[PDB]
Amino acid sequence: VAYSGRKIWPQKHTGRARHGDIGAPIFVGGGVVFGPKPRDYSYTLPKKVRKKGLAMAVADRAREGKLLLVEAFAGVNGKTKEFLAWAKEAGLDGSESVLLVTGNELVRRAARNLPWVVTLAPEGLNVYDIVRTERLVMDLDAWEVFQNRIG
Amino acid sequence: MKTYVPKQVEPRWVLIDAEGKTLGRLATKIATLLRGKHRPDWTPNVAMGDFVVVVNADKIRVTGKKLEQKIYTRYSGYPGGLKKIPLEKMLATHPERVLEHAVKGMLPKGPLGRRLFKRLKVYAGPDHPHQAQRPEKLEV
Amino acid sequence: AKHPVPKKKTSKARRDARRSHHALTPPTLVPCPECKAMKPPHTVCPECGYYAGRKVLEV
Amino acid sequence: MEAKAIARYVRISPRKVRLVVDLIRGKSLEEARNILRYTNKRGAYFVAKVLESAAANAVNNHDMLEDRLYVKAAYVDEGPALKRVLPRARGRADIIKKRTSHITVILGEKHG
Amino acid sequence: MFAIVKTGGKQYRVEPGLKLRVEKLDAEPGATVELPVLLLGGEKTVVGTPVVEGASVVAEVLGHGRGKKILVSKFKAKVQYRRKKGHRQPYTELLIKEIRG
Amino acid sequence: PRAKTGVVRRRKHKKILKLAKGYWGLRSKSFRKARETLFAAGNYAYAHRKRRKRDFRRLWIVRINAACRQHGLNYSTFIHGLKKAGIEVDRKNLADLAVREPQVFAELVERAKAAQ
RNA sequence: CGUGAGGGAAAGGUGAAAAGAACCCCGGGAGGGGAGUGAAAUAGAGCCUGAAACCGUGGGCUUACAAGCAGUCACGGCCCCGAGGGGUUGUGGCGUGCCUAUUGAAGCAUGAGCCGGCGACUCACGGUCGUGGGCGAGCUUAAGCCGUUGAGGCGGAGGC
RNA sequence: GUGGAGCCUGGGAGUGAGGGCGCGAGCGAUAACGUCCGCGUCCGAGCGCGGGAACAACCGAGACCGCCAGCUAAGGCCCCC
RNA sequence: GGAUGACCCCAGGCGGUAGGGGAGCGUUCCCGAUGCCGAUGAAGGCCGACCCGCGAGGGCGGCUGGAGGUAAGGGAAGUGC
Ligand SMILES: [Mg+2]
Ligand SMILES: [Mg+2]
Ligand SMILES: [Mg+2]
Ligand SMILES: [Mg+2]
Ligand SMILES: [Mg+2]
Ligand SMILES: [Mg+2]
Ligand SMILES: [Mg+2]
Ligand SMILES: [Mg+2]
Ligand SMILES: [Mg+2]
Ligand SMILES: [Mg+2]
Ligand SMILES: [Mg+2]
Ligand SMILES: [Mg+2]
Ligand SMILES: [Mg+2]
Ligand SMILES: [Mg+2]
Ligand SMILES: [Mg+2]
Ligand SMILES: [Mg+2]
Ligand SMILES: [Mg+2]
Ligand SMILES: [Mg+2]
Ligand SMILES: [Mg+2]
Ligand SMILES: [Mg+2]
Ligand SMILES: [Mg+2]
Ligand SMILES: [Mg+2]
Ligand SMILES: [Mg+2]
Ligand SMILES: [Mg+2]
Ligand SMILES: [Mg+2]
Ligand SMILES: [Mg+2]
Ligand SMILES: [Mg+2]
Ligand SMILES: [Mg+2]
Ligand SMILES: [Mg+2]
Ligand SMILES: [Mg+2]
Ligand SMILES: [Mg+2]
Ligand SMILES: [Mg+2]
Ligand SMILES: [Mg+2]
Ligand SMILES: [Mg+2]
Ligand SMILES: [Mg+2]
Ligand SMILES: [Mg+2]
Ligand SMILES: [Mg+2]
Ligand SMILES: [Mg+2]
Ligand SMILES: [Mg+2]
Ligand SMILES: [Mg+2]
Ligand SMILES: [Mg+2]
Ligand SMILES: [Mg+2]
Ligand SMILES: [Mg+2]
Ligand SMILES: [Mg+2]
Ligand SMILES: [Mg+2]
Ligand SMILES: [Mg+2]
Ligand SMILES: [Mg+2]
Ligand SMILES: [Mg+2]
Ligand SMILES: [Mg+2]
Ligand SMILES: [Mg+2]
Ligand SMILES: [Mg+2]
Ligand SMILES: [Mg+2]
Ligand SMILES: [Mg+2]
Ligand SMILES: [Mg+2]
Ligand SMILES: [Mg+2]
Ligand SMILES: [Mg+2]
Ligand SMILES: [Mg+2]
Ligand SMILES: [Mg+2]
Ligand SMILES: [Mg+2]
Ligand SMILES: [Mg+2]
Ligand SMILES: [Mg+2]
Ligand SMILES: [Mg+2]
Ligand SMILES: [Mg+2]
Ligand SMILES: [Mg+2]
Ligand SMILES: [Mg+2]
Ligand SMILES: [Mg+2]
Ligand SMILES: [Mg+2]
Ligand SMILES: [Mg+2]
Ligand SMILES: [Mg+2]
Ligand SMILES: [Mg+2]
Ligand SMILES: [Mg+2]
Ligand SMILES: [Mg+2]
Ligand SMILES: [Mg+2]
Ligand SMILES: [Mg+2]
Ligand SMILES: [Mg+2]
Ligand SMILES: [Mg+2]
Ligand SMILES: [Mg+2]
Ligand SMILES: [Mg+2]
Ligand SMILES: [Mg+2]
Ligand SMILES: [Mg+2]
Ligand SMILES: [Mg+2]
Ligand SMILES: [Mg+2]
Ligand SMILES: [Mg+2]
Ligand SMILES: [Mg+2]
Ligand SMILES: [Mg+2]
Ligand SMILES: [Mg+2]
Ligand SMILES: [Mg+2]
Ligand SMILES: [Mg+2]
Ligand SMILES: [Mg+2]
Ligand SMILES: [Mg+2]
Ligand SMILES: [Mg+2]
Ligand SMILES: [Mg+2]
Ligand SMILES: [Mg+2]
Ligand SMILES: [Mg+2]
Ligand SMILES: [Mg+2]
Ligand SMILES: [Mg+2]
Ligand SMILES: [Mg+2]
Ligand SMILES: [Mg+2]
Ligand SMILES: [Mg+2]
Ligand SMILES: [Mg+2]
Ligand SMILES: [Mg+2]
Ligand SMILES: [Mg+2]
Ligand SMILES: [Mg+2]
Ligand SMILES: [Mg+2]
Ligand SMILES: [Mg+2]
Ligand SMILES: [Mg+2]
Ligand SMILES: [Mg+2]
Ligand SMILES: [Mg+2]
Ligand SMILES: [Mg+2]
Ligand SMILES: [Mg+2]
Ligand SMILES: [Mg+2]
Ligand SMILES: [Mg+2]
Ligand SMILES: [Mg+2]
Ligand SMILES: [Mg+2]
Ligand SMILES: [Mg+2]
Ligand SMILES: [Mg+2]
Ligand SMILES: [Mg+2]
Ligand SMILES: [Mg+2]
Ligand SMILES: [Mg+2]
Ligand SMILES: [Mg+2]
Ligand SMILES: [Mg+2]
Ligand SMILES: [Mg+2]
Ligand SMILES: [Mg+2]
Ligand SMILES: [Mg+2]
Ligand SMILES: [Mg+2]
Ligand SMILES: [Mg+2]
Ligand SMILES: [Mg+2]
Ligand SMILES: [Mg+2]
Ligand SMILES: [Mg+2]
Ligand SMILES: [Mg+2]
Ligand SMILES: [Mg+2]
Ligand SMILES: [Mg+2]
Ligand SMILES: [Mg+2]
Ligand SMILES: [Mg+2]
Ligand SMILES: [Mg+2]
Ligand SMILES: [Mg+2]
Ligand SMILES: [Mg+2]
Ligand SMILES: [Mg+2]
Ligand SMILES: [Mg+2]
Ligand SMILES: [Mg+2]
Ligand SMILES: [Mg+2]
Ligand SMILES: [Mg+2]
Ligand SMILES: [Mg+2]
Ligand SMILES: [Mg+2]
Ligand SMILES: [Mg+2]
Ligand SMILES: [Mg+2]
Ligand SMILES: [Mg+2]
Ligand SMILES: [Mg+2]
Ligand SMILES: [Mg+2]
Ligand SMILES: [Mg+2]
Ligand SMILES: [Mg+2]
Ligand SMILES: [Mg+2]
Ligand SMILES: [Mg+2]
Ligand SMILES: [Mg+2]
Ligand SMILES: [Mg+2]
Ligand SMILES: [Mg+2]
Ligand SMILES: [Mg+2]
Ligand SMILES: [Mg+2]
Ligand SMILES: [Mg+2]
Ligand SMILES: [Mg+2]
Ligand SMILES: [Mg+2]
Ligand SMILES: [Mg+2]
Ligand SMILES: [Mg+2]
Ligand SMILES: [Mg+2]
Ligand SMILES: [Mg+2]
Ligand SMILES: [Mg+2]
Ligand SMILES: [Mg+2]
Ligand SMILES: [Mg+2]
Ligand SMILES: [Mg+2]
Ligand SMILES: [Mg+2]
Ligand SMILES: [Mg+2]
Ligand SMILES: [Mg+2]
Ligand SMILES: [Mg+2]
Ligand SMILES: [Mg+2]
Ligand SMILES: [Zn+2]
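Chains as they are written, first to last, in the numbering used here: chain A, 1 to 151; chain B, 152 to 291; chain C, 292 to 350; chain D, 351 to 462; chain E, 463 to 563; chain F, 564 to 679.
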């Protein structure tokens with residue numbers, strides 16, 4: 001704290017409480033006791049745990065009938081309205097939130113600005129994103145790499 | 152069901168002839184009569200006892216040698232101001248007070264106990280001035 | 292001396308009970324027989340300058 | 351109908367003035383004026399003026415009749431205090447509060 | 463006529479038309495119950511020894527409730543012992559139907 | 564994140580002060596003095612519920628006594644007699660009788676004199 | 001503030017917009033009362049909200065024969081709201097502040113004028129028990145590298 | 001003898017200023033609201049409740065809450081009560 | 001008893017300082033949330049003799065206030081004077 005270390009007044013005989021300096025947390029304007037300092041909240045969750053979590057996350061959406069794999073994306077070539085077309089053809093009105101996993105950039109860029117769509121490259125597949133969304137939509141290309149990461 | 156509480160009732164006047172009675176033994180009974188504890192609707196927080204006229208206080212009686220040995224005592228608040236008055240002398244100078252002081256000490260202390268002492272009227276000699284209330288002559 | 296000092300803060304009730312004698316009494320006034328104005332008795336009327344039924348002082 | 355005046359921030363002490371205000375509560379306008387005139391106190395000046403402003407309002411803004419007017423309410427409030435140093439013996443400084451008043455007079459009409 | 467009846471460990475003087483709260487009775491609201499009798503009074507006088515044999519008072523149960531909350535508080539000095547408990551005693555509300563003497 | 568006192572403390576003092584409404588001087592005005600007063604009031608309360616059960620019984624007893632000595636016996640003899648008779652009317656109810664229904668009470672007196 | 005080295009504060013908020021109140025009235029002024037502006041002026045500049053201590057006016061109840069840790073329990077009177085509640089308190093019963101420190105405090109032992117806000121068991125890395133899970137004669141990566149731009153993976157050196 | 005009994009392995013303590021009373025001793029003066037031990041008890045922590053005028057440790061008794069119900073304990077029952 | 005916190009019946013325990021253990025209340029912040037409550041009135045402030053909870057509290061309603069607030073379930077602390 002910015003203040004100095006001087007004893008503001010003598011120890012005895014003033015008729016006031018004894019104090020040292022005004023950096024003491026007991027003073028308004030003094031330093032704070034056990035406040036936060038910078039911290040690293042990260043830790044190494046076991047790899048196998050992450051893997052099972054990734055398996056189960058997808059498996060859950062499968063049991064729900066919510067997992068859908070697609071072969072390709074028709075005429076969607078970067079324009080959002082194109083995705084919306086394709087969406088409809090596959091049952092995606094947007095009454096349900098979707099996690100779209102594909103390596104095709106132009107599909108991701110199209111679908112991205114939507115409120116109800118989250119977009120991922122397959123190496124980015126992760127369980128928080130899986131649980132967040134009501135429906136899982138994966139390119140075959142993606143499903144293959146998801147396969148590699150879990151076995 | 153909550154306990155009965157009387158409405159303010161008319162107090163009976165009562166007459167007692169103190170002649171020849173024992174000082175303290177008369178006293179307890181006057182106190183009881185003053186509280187009103189002889190009344191089934193007794194209530195401790197209101198003045199509802201009887202009024203008591205007493206005559207012949209000067210001819211009250213006491214046992215043992217207390218005539219010369221009962222000392223009544225009074226402190227004035229000044230240094231050396233504790234006067235001592237033997238029973239004999241109190242009879243001879245303010246006889247009615249012997250009975251009064253005895254009764255006073257047997258009533259509860261506090262504002263209510265002090266008003267019940269007022270309801271007691273003590274006379275030396277055969278007579279009193281309370282004809283107007285036509286007091287009922289009790290035995291005790 | 293040993294610097295006497297109050298032992299307890301005085302209650303609102305007791306400070307105000309000390310003040311139970313502090314009320315001002317209204318000034319005592321009588322009409323002036325000439326100009327009817329209210330004035331202290333036994334003083335020269337400061338409105339019209341009369342006292343004792345004659346003009347005494349220039350108001 | 352009522353008419354009022356308030357003198358806010360008068361540099362006199364609330365407790366002192368109230369003494370004077372106590373004299374006029376419930377008097378006719380004529381009586382209070384008389385009383386104030388011969389009250390040997392500083393605050394009688396200030397109360398006089400708050401009164402006269404109120405009577406002005408009553409007559410001139412509120413269709414009341416000067417000759418029906420009476421002090422229906424009057425009260426003194428305490429405003430912000432002025433803090434000043436009063437230097438004492440042996441290096442010590444005391445702090446004097448120079449106190450302040452918000453003076454109010456409220457006039458009504460006495461019917462009949 | 464009145465009757466002295468005994469319910470919930472306590473006794474009460476009751477009469478036709480009387481509303482009474484007593485310790486909660488195990489009885490559906492609207493139902494009817496017979497209270498034991500210790501003494502009948504008024505015109506005739508019969509003294510129970512302790513109860514009277516033929517007698518009973520009928521009561522229609524109006525319903526059950528919880529009383530106004532009492533704050534039961536505890537405190538011990540120089541020990542930091544303090545407790546605050548809230549209490550509402552259950553009751554049953556009865557109307558006295560008849561004194562079957 | 565920092566959690567200042569904010570709103571919480573005021574609301575705790577108010578709770579107390581309301582409970583203290585009606586107390587003299589600072590005892591309804593200062594939070595601290597209220598709390599002292601309320602500890603007393605709480606132990607006084609609890610104790611006085613207990614004590615109230617006693618207090619009334621003692622009044623019931625004094626009352627039964629007066630109406631007993633109207634028929635030539637004392638409370639102590641009375642209670643003995645009812646006891647032998649098997650009359651279990653409580654002192655609360657006896658008292659109502661002694662004032663409200665003096666005939667019925669006299670009867671109870673009768674039975675108690677009989678029972679010994 | 002200190003000779004000096006040096007110490008070292010307090011102090012944010014009208015309104016959407018100044019539309020910041022022409023003009024008249026009392027006043028020396030301050031201040032106010034009207035008029036006016038504004039959705040709002042106890043938003044009027046001593047300006048969002050406006051708690052508490054604290055001071056005041058008005059109203060109900062109450063108090064000048066009364067003995068008190070100030071309450072509580074009972075009853076009665078008066079006042080308010082409409083077989084009930086609320087306020088007040090005459091009488092009666094009971095009744096030794098809080099905290100701290102102590103063998104023991106109402107204690108004539110400590111601390112506290114009162115109110116508001118600040119104010120004291122934390123975090124990192126190791127360790128040891130317990131616990132929720134992953135794998136199991138196995139378990140696990142560190143720095144780093146790649147990818148993301150709040151996406152995760154690789155990395156077996158090493159540790160148990 | 002099934003008890004907030006007992007034993008074993010581990011985690012967390014606090015305490016390591018006691019005090020009155022009864023009995024058995026030493027010290028002192030067959031002194032101290034004295035001191036130091038032994039067995040016990042209560043207070044400590046039961047300064048909650050009844051009795052002892054008032055009073056931690058004497059007598060009665062181990063307070064979960066509510067009731068305008070009943071029986072008792074010590075102690076009491078002429079009035080205060 | 002039903003079958004595993006569904007509730008019911010019966011029985012016992014429930015004074016407490018140091019201290020051990022258990023279960024909760026609330027404050028700031030994050031996920032829930034491109035959501036939802038909000039000018040037909042956010043937060044906060046002042047009331048209530050009303051409701052729910054053993055309690056810490058949580059509702060509801062009237063007045064003030066004038067633009068924010070944030071659920072079920074979880075996460076993290078500058079968390080209660
Ligand atoms: Mg520094
Ligand atoms: Mg500096
Ligand atoms: Mg420095
Ligand atoms: Mg330094
Ligand atoms: Mg130094
Ligand atoms: Mg220094
Ligand atoms: Mg010193
Ligand atoms: Mg000092
Ligand atoms: Mg000081
Ligand atoms: Mg100091
Ligand atoms: Mg110092
Ligand atoms: Mg310091
Ligand atoms: Mg220092
Ligand atoms: Mg410092
Ligand atoms: Mg420092
Ligand atoms: Mg700082
Ligand atoms: Mg600063
Ligand atoms: Mg700073
Ligand atoms: Mg701090
Ligand atoms: Mg620190
Ligand atoms: Mg520090
Ligand atoms: Mg830290
Ligand atoms: Mg860092
Ligand atoms: Mg950690
Ligand atoms: Mg790390
Ligand atoms: Mg979403
Ligand atoms: Mg999106
Ligand atoms: Mg007699
Ligand atoms: Mg009594
Ligand atoms: Mg004489
Ligand atoms: Mg006496
Ligand atoms: Mg007494
Ligand atoms: Mg001297
Ligand atoms: Mg001197
Ligand atoms: Mg000298
Ligand atoms: Mg001096
Ligand atoms: Mg002093
Ligand atoms: Mg004061
Ligand atoms: Mg006052
Ligand atoms: Mg005084
Ligand atoms: Mg004249
Ligand atoms: Mg004068
Ligand atoms: Mg004029
Ligand atoms: Mg001062
Ligand atoms: Mg000053
Ligand atoms: Mg029963
Ligand atoms: Mg019940
Ligand atoms: Mg204690
Ligand atoms: Mg204490
Ligand atoms: Mg105490
Ligand atoms: Mg304590
Ligand atoms: Mg202690
Ligand atoms: Mg305590
Ligand atoms: Mg409490
Ligand atoms: Mg704060
Ligand atoms: Mg704080
Ligand atoms: Mg607060
Ligand atoms: Mg608090
Ligand atoms: Mg608040
Ligand atoms: Mg609160
Ligand atoms: Mg009061
Ligand atoms: Mg007060
Ligand atoms: Mg006061
Ligand atoms: Mg106040
Ligand atoms: Mg109780
Ligand atoms: Mg008691
Ligand atoms: Mg009992
Ligand atoms: Mg007899
Ligand atoms: Mg018996
Ligand atoms: Mg019996
Ligand atoms: Mg210097
Ligand atoms: Mg200088
Ligand atoms: Mg310096
Ligand atoms: Mg400073
Ligand atoms: Mg600053
Ligand atoms: Mg603004
Ligand atoms: Mg602005
Ligand atoms: Mg002008
Ligand atoms: Mg002018
Ligand atoms: Mg002007
Ligand atoms: Mg004006
Ligand atoms: Mg103006
Ligand atoms: Mg307008
Ligand atoms: Mg509007
Ligand atoms: Mg306002
Ligand atoms: Mg405003
Ligand atoms: Mg201001
Ligand atoms: Mg604003
Ligand atoms: Mg303001
Ligand atoms: Mg203000
Ligand atoms: Mg205020
Ligand atoms: Mg007043
Ligand atoms: Mg007298
Ligand atoms: Mg009087
Ligand atoms: Mg006394
Ligand atoms: Mg009574
Ligand atoms: Mg009452
Ligand atoms: Mg009432
Ligand atoms: Mg009392
Ligand atoms: Mg006691
Ligand atoms: Mg005391
Ligand atoms: Mg004591
Ligand atoms: Mg305290
Ligand atoms: Mg403390
Ligand atoms: Mg302390
Ligand atoms: Mg000490
Ligand atoms: Mg010491
Ligand atoms: Mg000592
Ligand atoms: Mg004292
Ligand atoms: Mg003292
Ligand atoms: Mg000292
Ligand atoms: Mg002290
Ligand atoms: Mg010391
Ligand atoms: Mg000071
Ligand atoms: Mg104060
Ligand atoms: Mg404070
Ligand atoms: Mg720790
Ligand atoms: Mg572990
Ligand atoms: Mg694993
Ligand atoms: Mg190692
Ligand atoms: Mg045990
Ligand atoms: Mg054990
Ligand atoms: Mg066992
Ligand atoms: Mg631990
Ligand atoms: Mg240790
Ligand atoms: Mg220790
Ligand atoms: Mg020692
Ligand atoms: Mg030792
Ligand atoms: Mg020892
Ligand atoms: Mg021991
Ligand atoms: Mg002793
Ligand atoms: Mg012996
Ligand atoms: Mg011995
Ligand atoms: Mg020995
Ligand atoms: Mg000798
Ligand atoms: Mg010793
Ligand atoms: Mg000895
Ligand atoms: Mg010895
Ligand atoms: Mg011992
Ligand atoms: Mg200790
Ligand atoms: Mg004991
Ligand atoms: Mg023990
Ligand atoms: Mg006693
Ligand atoms: Mg005792
Ligand atoms: Mg005792
Ligand atoms: Mg004891
Ligand atoms: Mg027990
Ligand atoms: Mg009941
Ligand atoms: Mg018995
Ligand atoms: Mg015995
Ligand atoms: Mg005795
Ligand atoms: Mg007796
Ligand atoms: Mg049980
Ligand atoms: Mg248990
Ligand atoms: Mg316990
Ligand atoms: Mg447990
Ligand atoms: Mg909180
Ligand atoms: Mg919580
Ligand atoms: Mg913040
Ligand atoms: Mg943040
Ligand atoms: Mg959001
Ligand atoms: Mg939002
Ligand atoms: Mg809406
Ligand atoms: Mg609007
Ligand atoms: Mg509104
Ligand atoms: Mg909030
Ligand atoms: Mg907030
Ligand atoms: Mg609330
Ligand atoms: Mg609000
Ligand atoms: Mg905004
Ligand atoms: Mg939230
Ligand atoms: Mg939540
Ligand atoms: Mg979560
Ligand atoms: Mg802190
Ligand atoms: Zn003249």
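Since the hints were derived computationally from the structure, they do not count as laboratory data. Hints are not guaranteed to be accurate.
[Said to hold, decoys possible] Here are the simulated DSS-like cross-link-like pairs (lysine-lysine), alpha carbons at most 25 Å apart as the crow flies:
| # | chain 1 | residue 1 | chain 2 | residue 2 |
| --- | --- | --- | --- | --- |
| 1 | F | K676 | E | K531 |
| 2 | F | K581 | E | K546 |
| 3 | F | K676 | E | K506 |
| 4 | C | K300 | D | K447 |
| 5 | D | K433 | D | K391 |
| 6 | B | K216 | B | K188 |
| 7 | B | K188 | F | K577 |
| 8 | D | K447 | D | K422 |
| 9 | B | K153 | E | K559 |
| 10 | F | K596 | F | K577 |
| 11 | E | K506 | E | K468 |
Numbers of unmet hints, in rising order: 1, 6, 7 and 8
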